[PDB]
Every structure is written in C-alpha cells, then in structure tokens.
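Asks: Single-letter residue listing:
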Amino acid sequence: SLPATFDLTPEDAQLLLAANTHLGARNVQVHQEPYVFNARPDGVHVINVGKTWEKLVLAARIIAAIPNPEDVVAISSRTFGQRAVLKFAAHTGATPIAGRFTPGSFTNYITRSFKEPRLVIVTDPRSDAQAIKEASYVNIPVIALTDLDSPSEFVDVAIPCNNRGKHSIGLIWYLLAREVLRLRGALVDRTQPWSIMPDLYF
Amino acid sequence: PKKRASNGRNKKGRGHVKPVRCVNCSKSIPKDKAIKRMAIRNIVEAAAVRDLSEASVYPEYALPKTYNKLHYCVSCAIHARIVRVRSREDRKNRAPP
Amino acid sequence: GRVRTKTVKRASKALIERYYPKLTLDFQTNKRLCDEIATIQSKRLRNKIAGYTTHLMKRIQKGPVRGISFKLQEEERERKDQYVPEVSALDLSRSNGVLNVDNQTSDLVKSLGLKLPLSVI
Amino acid sequence: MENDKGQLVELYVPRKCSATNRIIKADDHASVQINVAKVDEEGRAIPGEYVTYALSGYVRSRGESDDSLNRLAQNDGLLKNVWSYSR
Amino acid sequence: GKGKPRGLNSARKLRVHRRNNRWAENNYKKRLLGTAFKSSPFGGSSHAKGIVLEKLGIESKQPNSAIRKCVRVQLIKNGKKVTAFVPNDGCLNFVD
Amino acid sequence: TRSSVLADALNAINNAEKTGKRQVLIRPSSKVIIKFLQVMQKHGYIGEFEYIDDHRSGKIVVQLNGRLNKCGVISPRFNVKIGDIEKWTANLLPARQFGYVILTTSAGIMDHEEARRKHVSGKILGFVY
Amino acid sequence: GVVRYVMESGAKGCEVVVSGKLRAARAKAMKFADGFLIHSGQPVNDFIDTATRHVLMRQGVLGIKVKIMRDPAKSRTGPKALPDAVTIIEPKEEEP
Amino acid sequence: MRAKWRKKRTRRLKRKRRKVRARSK
Amino acid sequence: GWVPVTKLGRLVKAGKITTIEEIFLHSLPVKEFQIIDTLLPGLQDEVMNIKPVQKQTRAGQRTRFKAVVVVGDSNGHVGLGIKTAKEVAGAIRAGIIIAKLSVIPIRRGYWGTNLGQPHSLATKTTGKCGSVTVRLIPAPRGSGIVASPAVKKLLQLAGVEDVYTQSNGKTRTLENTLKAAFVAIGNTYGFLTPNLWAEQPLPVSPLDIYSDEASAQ
RNA sequence: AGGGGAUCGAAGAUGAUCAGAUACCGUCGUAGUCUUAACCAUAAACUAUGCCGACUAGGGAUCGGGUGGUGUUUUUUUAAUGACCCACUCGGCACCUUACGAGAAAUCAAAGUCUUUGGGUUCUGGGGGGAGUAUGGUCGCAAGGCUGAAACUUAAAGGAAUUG
Ligand SMILES: [Mg+2]
Ligand SMILES: [Mg+2]
Ligand SMILES: [Mg+2]
Ligand SMILES: [Mg+2]
Ligand SMILES: [Mg+2]
Ligand SMILES: [Mg+2]
Ligand SMILES: [Mg+2]
Ligand SMILES: [Mg+2]
Ligand SMILES: [Mg+2]
Ligand SMILES: [Mg+2]
Ligand SMILES: [Mg+2]
Ligand SMILES: [Mg+2]
Ligand SMILES: [Mg+2]
Ligand SMILES: [Mg+2]
Ligand SMILES: [Mg+2]
Ligand SMILES: [Mg+2]
Ligand SMILES: [Mg+2]
Ligand SMILES: [Mg+2]
Ligand SMILES: [Mg+2]
Ligand SMILES: [Mg+2]
Ligand SMILES: [Mg+2]
Ligand SMILES: [Mg+2]
Ligand SMILES: [Mg+2]
Ligand SMILES: [Mg+2]
Ligand SMILES: [Mg+2]
Ligand SMILES: [Mg+2]
Ligand SMILES: [Mg+2]
Ligand SMILES: [Mg+2]
Ligand SMILES: [Zn+2]
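Residue numbers (this note's numbering), protein chains in the order written: chain A, 10 to 211; chain B, 899 to 995; chain C, 45 to 165; chain D, -19 to 67; chain E, 15 to 110; chain F, 99 to 227; chain G, 22 to 117; chain H, 29 to 53; chain I, 110 to 326.
Each pair of labels, with its calculated beta carbon distance range:
#1 B:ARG989 with I:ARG281: 36 to 44 Å
#2 G:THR71 with C:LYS124: 55 to 63 Å
#3 B:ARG989 with G:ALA46: 47 to 55 Å
No wet-lab data here; the hints were simulated from the structure. Positions of the beta carbon are idealized from the N, C-alpha and C atoms, including for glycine.
Please work from the sequences and hints to get the whole structure.
Replies: Written as structure tokens, this is what we have:
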C-alpha cells in the first residue's frame, strides 16, 4: 500500500515548517488526538507532521476513489481558508462552498441550494459544524482539518494541521490539491514540484 | 418547576450563610443572594470640577473618590434599573455590561 | 417616507447585471434607457427604478455593492489574484536560507528526515 | 438464518461497523461507508477498486470515528506508524 | 440497589412489608376491618326487605334539575332507616 | 461495600461493550468470575482474557468482540431446581434458540444447555446474550 | 370540484366561499381556494371577476361567492400585467 | 385558606375541644 | 411522469436498483417517495386515527385535523405517518406520503423449532415513546397476534403471524403507542443474533456502481 | 428562674392613609432580641434528590496535601524556605459543553449503566377530601411533639409544558 514516493521529502518538509502547520494549540487539546509530538515551553504543542502527511495521503486516496470527482464538496467559512478552497475546487472536480453554508444543503432537496456529495472536506470543523451536523443526516463521510483543539465529532479522517494561522490552512489545501491529481493526471512526476505555487492559496 | 440551578442564588456547600440588609428597603437577605454593586464615584458630578479648578488653593491636589458598597434585595433590585427580567436562555450569563 | 421596496431594488439591480454595458451616473439618461429594455407600467414606477439604478451607479465606482455581477466585476476582481507570485515564494528567502526553529520543534525532525536548515532558542 | 432444508429465509442482511462489529440499521444516517482508492505503480487511482470501511453512526458521534479509522486503516497497510496500540 | 432487600434470607421482611402496605388498599382495608358488618345499612348482604315509611322527593345535583322520587324505608332486619330511588317514569304511584 | 465481585465485573463488561470499547480492566477477579468468563468464551461472546497476578486479588483484562448484548448477574443466587431452568430461560433470555443462563452446580459452573444435557443444577449465577 | 375547473382553464387563482348550514346548526364559514388573488388595489377591477348567488337549500339559504383571477398576461384589453411586473433581455453570443 | 392559617385555626379550635372535655368531668 | 431529483431517486427509475432492501443495506436516506411507490407497490394503508387539535388564537379555536396512518405489505415492511392539516382529508394524503418515506425492514423469525417459512419474531424486543413501553415477544404458532386492535392491525401490515405483546404507560394515547410499536419492530434489525455474527465483504454502494447516472448534459 | 438589657421590636400606644384600615407607611414601645442554669425537638431543618459500592463523555478553573524542574522573585552571593510558574497526581466546593443514555417534560453526569427489568441495605408513597382530625398510648410545665384512625363525601385534585 505504502510506497516511498509518498515519503515525506525534506523539501516537502520545509514547506510545512514555514507555515507553522506543526504548532498545536495550548493547554487545550481533545483527548482524541495522539497526533501530537512532545510539546514546547510557552505551552504550544508541536504536531507530529509526519502524522499530518500520512493522513493527507489517505485523504487524497479517499478523494480519488470518488467516481465522478465533480461531486466532492470542500468547505470553508473561515475568513482565511475561503480563498484556498476555491482554488482547490477548479483543479479537481470539487464543488466548492465558500462563505456561509446556508443550512438546508444536504437535507432539503430544493434547487438554488443542495449539493448531494459523496464526500466533504472542511477547513474548520468547529466553524463549519452545520455541514458536519448536516452530513450526519445523510450518510456522507467527512474529512476535516482538525487542529489539536478541534472536535472529532462526526469527522471521519482528521488532518492534524495548525488551523489558527494564515498560511497553514492554505498549504494543506494545495498539498491536498496536488496529491489528488498526483493520483491520476496533472503532476504525474512525483518528486517534481508542481508548476503551481503554494502562495496562491492565501 | 425549578427556575434556576443556583436555586435562589449562589450557595453550594455550606447550608447557612448570614443575612444582610437591603440599602433601599432594609429587608433581610442572605449575603450570597443580595445584589451587590460598588458606587465608586468622585465627589463631583458632571462638570463642577473646572468650576472649582481655580477655586482651590493647593496647585497639586488630586481628586478623592467617594467609596460605598451597596446591597439590594431581589425586589428592589428588579424595581430599579439594577437587574432586569431576562429571557429563559438569557438568564445564564454573568456578563455585567 | 422614502424607503424603496424590493420591487425597485430587485428590478434596479436586475438591470446592472445585464447592462453595465452603458448605464450612467445621470438620472434622465437612464430614465429614457429604462422603457427601451424594460416593461414598467407607470412612469413613477420607472422613475423610481431609474432613481435607484442611478443611485447604485453613483456609488458603483467605489467598491461593488453586495449582490452584483456584470461581466466586468468578474473580470477586474480576478486581476488581484497572486499579488506576491513573481517574487520570493517564502522559502529560504525572507529567511537567510536557514529555517529558524526551536529546541523541541527540532527534535521532531531527527525522527524521520534530516535535510534541514537548523536553529535553536 | 437458514431454516430446515437449509433454504435461507431472512430478507436482507445488514452491514457491520468495522470498529465495533456493531450493526448498521436502515435509519443509521450518521453511519458512513468509506472507500480508500487502492494505489499501484504510480497511483493511477485504479478507478473503481477501493478498500472499504463502515463506521456505525454511534462511533461517528462519540468522536472515535477519526481514531478508530487510523487503527482500522493502518492495521490494513495504508499508514505508517501513526497509530499506537499502547497509550 | 432498588429500595427493598434481595438476599435469599430476607423472606421475613419481604412478607411482613406487603402485609403492612396492603393496608393502603381501600378494597383490602374495607374487607379486613369488616366495615360491611360494622357500618353498611345492609348486613353486608346484597338486598334487604323494608317497610316504606313515606314517599319523598329529592332535587338532583347541578347542572341537572328534577325531583327524583325516593321512599324512606325501615329495614326489617335492622331498624336502620334508608332512602331508595324508585326507577322509571311515574312508578312512585306503585308504592303505598 | 463490594458484595458481588461478579456483579461489579459483568457491569464493567456490559458498560465496556456499550461504549464500543474493545477491552476492559476488571478488579478484583476470582475463581467464579473466570469460570463465568470461560462459559462466555466457549460460546464466544469474548476472546482472550489475561489474569494479572498482583499479590492481593488479581486484576483482569478481557478482550471483547461486539456480539455481546447483555451479561448480567442474578442476585441473590436462587436455588433453581432442574424443572425451573425452563422458567428462568423464558424470562431472562431473548429467544429459545440462543442465549445462556449459567448456573453453579456441584457438577461445576456451566451454561443451561450443558446443565440440561449433563442433567444437574443448583444455584443460579447469571446470564449472557 | 367546480373550484378546479376554473384553475386548469388557465386562471391565476380562485376562491369559493359558502355560508350557511349543511353540516347544519349555526354558521358556515367554509373557504375553498387555490392560486393567487390580488385583493385589493386597482387590479381587482382589471383582473378579478366575482359573482355571488344565493342557493336556497332544503332548510335555509346558502351564499356562494366565487372569485376568479384571469391571467393578466393575455388580458386582450387594458393592462396585461400587474404594476408589480418587470422584464428585461440581453444580447446574444457576440464578438470579443 | 393559607395553610399556615388553616392550621393556626385548626389548633386554636382543637385546644378548645381539649379544654371543654375537661369541664365534662 | 415522476421526474426525480436526489441522486438516489434518479438511480431507481433507471432500474439500476430493484429492491428496497438494497436501500436499507446501505442505510441510504430516502427523501422522495415515488421510489418506494414502485420498490414495493403492494402497500396497503389504514388510517389509524383522525383527531382534532386546537391552538388558541385571539378569536379562539384553530382546530386543525390530525391523521395518523400506517403502510405495509403483509410481508415485512411497515411505515408510519403522523401529519396534521387544515382540512381532514388533506392531512390524510400528506399522512400517506410520510407513512411511505418511513418504511422500515422488520426481521421475522421462528418461535422454536425452525421449520420453513418464519411466522414470528427474532427475539424479545421493545420500543418506547412518551410513557408507552411496548414489548414484542416471540410466540408459538396458531396463537395469533395478542395485541390491542390498533397494533394487531399494524403488525398485520408488517406480515407477522404469532407475537405476544405487553404494554405499559398511557396506552390510551394511541398516537404514541403506535410510535412505540414502530420503534419496536424497527429494532428487530438491530439485534445481533448469533447467526449474524459472521464477517462480510461490505457490498459496494449503488451510488458508485451505477455512479455514471447522476447530474446532467 | 437569675443576669442583662444599647439596638431593633410580635403585643400595645399613637400620626397618617382609607368607604372602613386596632394593615401596609410614620413616631413610640412591652415581651423578645444577648446571657447563664433548665425545658422544647420543630422549619420550604431544601440538593424539596437516603447511605455504601462499581462502572459509563468532553473541557477549563479552584481549595488542601504530595511528587517532579539548571525554572521567576526572594539577591541573603546561588542557596534554602515562603510566594509564584509549569507539569502530574490523590481528595474536596463547584462550574462549562453534551448527550451516546434517561425523563411526562422542566431537566439530569446522575435523575445514566431498567420490560436487554436482580451489587448491598434503611426509611417513605398508593386518587382528592374528611385529617394529621377523633380515640388510645406516650413525651412536655406549657405551647405542643411522636404514634394515629373511621364514619362520611367526591370525578377529579394534581405534575410539566403549549398557544392565546
Ligand atoms: Mg413558577
Ligand atoms: Mg462538607
Ligand atoms: Mg437551613
Ligand atoms: Mg465600603
Ligand atoms: Mg399503611
Ligand atoms: Mg391497622
Ligand atoms: Mg399514611
Ligand atoms: Mg394600496
Ligand atoms: Mg370565543
Ligand atoms: Mg429574664
Ligand atoms: Mg430591652
Ligand atoms: Mg424604633
Ligand atoms: Mg399596631
Ligand atoms: Mg410599623
Ligand atoms: Mg428567654
Ligand atoms: Mg428531647
Ligand atoms: Mg418534618
Ligand atoms: Mg423533606
Ligand atoms: Mg433516591
Ligand atoms: Mg456512587
Ligand atoms: Mg468529566
Ligand atoms: Mg497544590
Ligand atoms: Mg516543590
Ligand atoms: Mg523549586
Ligand atoms: Mg385519600
Ligand atoms: Mg392523644
Ligand atoms: Mg362532573
Ligand atoms: Mg401546572
Ligand atoms: Zn429592598
């Protein structure tokens, strides 16, 4: 299952560290996170970004499994990750939701609303809880950018990243973007940096 | 039906507290139940200071505050502006202003 | 007294999405523009769509108004994407080639990978 | 549930949570079946093969959806040392 | 723990507490105290003969208004005096 | 105070399975919990358990699969004569085909079908399904 | 029944009212409706036609008002929309 | 019929029964 | 014509899904109802009750009518609809559609000796609603359905022959005892019996096999 | 019963208010309020939630005691204590979120682990009145407390919530 093409390359590593995607929250962290690496003074835990990357790959592998990638919703309402969610969307099929979720989207079959996805990715599970609540009415799996303090309730695969910072959210979306196509088409050459730039997702 | 989890007000773990007297009403009320508020104000109202500024000898004289702590019974506190009826879900909040 | 209802506000922005091609900051021009392309019943009806469409225009210059799209808002609003690309990509530049990391943040590295600009605190 | 003369009788046959061997009943609308696209030489999506995973709605809502997914996935390959059976 | 004992050797307290608490049951209490003997104009029997002392009229409870047409009876076995409704239209005229 | 160690044990088990956990530690264990656990292993409602020799009374860690509905104690341990096993099974057990009320007899601790075919009985311990 | 003959005939809306008694003690207030009824402003004259006739049933007289809302679009006279209506169009696929 | 006082009355007017059964000796 | 929405709803008229038991197997939300109209088209229906309820209003006495209705074949599917509306029959019709979108599979069984053709219940089972416990208990053949007549009728419409019932609570409030009876048979396909202990492959979703049959052109 | 009796103040006395107003408000004011020596034994004596034991969610504070650290100040030079900081933990007053479970609901971390009904044990309830009455017994100086019926009568009282 696990080849070394997807090992964490040290040039991939410097991408993550520049964003501070490895800085967990303070004295707050859900018991449901062993994604932690041993923590620093000044209270901040350092995520084990190896666990990030392995979860991100599986994330990608679950997305590629979606037959018609058009219906894969990816959600932000978070002021930050809105910009990056839309960029992610155009790359794969990936119906996007930025701004306000407008409840009634997964239940409540009326048009000018209502995608019926088979998968859903969320920037902040706390701040996008309407989708994660709503998804649990309709047999829809959830993928989440959990930080150390983030609810694991109804979220199915957690990507431990640092959700309390500018670049850290954008990085994962683009890396998740890059990975889901490194699995069929564009960027066939793994270990060859994708044409695209990360700084676009901000 | 029980209206508040604090029963009346804020006493868990003793059994008996002791009574204070409403400043407006004189009614007995347990200290934990009284409605408390500090009247920290200067001895001068709006204006009347720079109408007293050059009225004073002592170039350098600060302004002494007049301190007094006030306890209200429930009924008075409600009948003045002190507390107000709140909604059901609004009664759980401890934000002063 | 003077609060325009959704009959005007919907119709008034119903135009600006399809005719920002043309349209002006002057009322009487849009007045005689309206009835060419619209089917308003009364003059007072049309003169109030026009008075508001013009009002949206007299303010359209400085920032788009919530709920608008006119083939050019989409164009120009895209132009401010990638302000920083074509300069430093935030790798070893704005940094001294070194990645400045702390004592325990660093121990996390020796776990699997090794190629690393180092630091301490 | 067969019968005498062996001919099976029960209409339909529920799934089972992978993490609890539970049952997933018809109205268990918090439950979700997962498909991980199995990779080969160069990933290629192997379009339409999958490795399959079912989580009972209960496991989803209790919060163990995430972590019982890691143990589930890693024990099947799919993952390096991310999960730890000893805590 | 559910209020009552459970031990294999607590038969006494179990049996004696039903005995205590059966007393809050009206039908049991009326039987054991025998108030159909001590009270109860009939001897505790289903019927009773009696000598009609006088016809008598009783106004009904509200919301209703009417006169119900009872007689007053002295029970032969008892002396005890009671009133009894006489059913159906007219029919008081049958009682001398 | 601790009055039935067995009752406390099966409570932890039933509470363990009900939260979807796969294992549970149960202090303090005894001859008669094990045999109980054993008759539960024969018919397959759990898997491995390990006794943990502390030098007082022994912890225990049992691994559970998910087929368990309820394991309970019947307290006190009623004397049940052979003809009365049909009575208890009717009350405690979900259906005639499966489930087990388990007794302690002088012929040992066993489920009720074994007890019926081996033909003895005694006091009653509990039930499992 | 005779409500819905009026709706598939192509009307925007229609109410039928009846007052009196066939579930017959006190005061019918029964409405039967569908669609749309601008009522009121000026469009009532233009676009609603109503007529009340009095049916003398077995033990009383009953009042049936009916209201019909013609489609203003095909008015064939006067206004052909409510003063609420507005419409527009756009140019076809063009040259850059 | 405030209980506090349906019950003061119940005592006011039950010591009276006690103090009058002793006249009847 | 029907003209569905709901990626499920299109997939069922495409004939790519033929049995209701394939919806249940994937526990798929069912938001249309023409699907079940066909998936099982032998659905009888009895209205169990029509009952006035009122809302006080500055004029008094709203008095809308409420109807509770149940649907099934006598072959192991029951659904229950509680709906109220202004006119009596309007509440019944809407009551049928929601009675449909609810249909649940019920797991029949044998009392004792496993002969052919189940007649009774898998296990003891219970549902509750408000005050109303309702216990369903497997019964020997030729015993009938010993239940109050409103439930005798629902259980008829889930195709059970021999069952014992044992109520508790305020059963005179009929709307609730049905709701509880329905939770009860609804729970027959939740009880892990030993002959369901085996591990299974996880059949793949019909939203992915016939995945090509959503969206538009 | 003796001391004590500043204050407040059942009774009372009064000034008002009032249709009346020995009520509310105002001024007095006896007992009382404190105290020793005796009684009394009850309160919405309330968490209206018996005690013991076991188990089942997430989170942050706090009080006590302990453990750990090249940790800050104590600077007494560094110590060492005390104070503080961080981390653990046992025990306690509570709190937040949530129910996966409970409930008629209000709500509930127990009010959960119950018709899938049994860990141990003590007390109490069995429609509303009549009535905590009558009677007997007992305690008390008394006021009263403890124990405690029946005739008789009644189709509802009642609990939680909903809309007006
Ligand atoms: Mg109240
Ligand atoms: Mg204490
Ligand atoms: Mg007290
Ligand atoms: Mg002060
Ligand atoms: Mg008694
Ligand atoms: Mg007696
Ligand atoms: Mg009593
Ligand atoms: Mg007007
Ligand atoms: Mg009225
Ligand atoms: Mg004295
Ligand atoms: Mg004095
Ligand atoms: Mg005074
Ligand atoms: Mg006085
Ligand atoms: Mg006074
Ligand atoms: Mg004294
Ligand atoms: Mg004493
Ligand atoms: Mg008492
Ligand atoms: Mg009490
Ligand atoms: Mg209790
Ligand atoms: Mg306890
Ligand atoms: Mg906790
Ligand atoms: Mg401490
Ligand atoms: Mg220390
Ligand atoms: Mg130190
Ligand atoms: Mg009574
Ligand atoms: Mg006495
Ligand atoms: Mg009556
Ligand atoms: Mg009430
Ligand atoms: Zn006051």
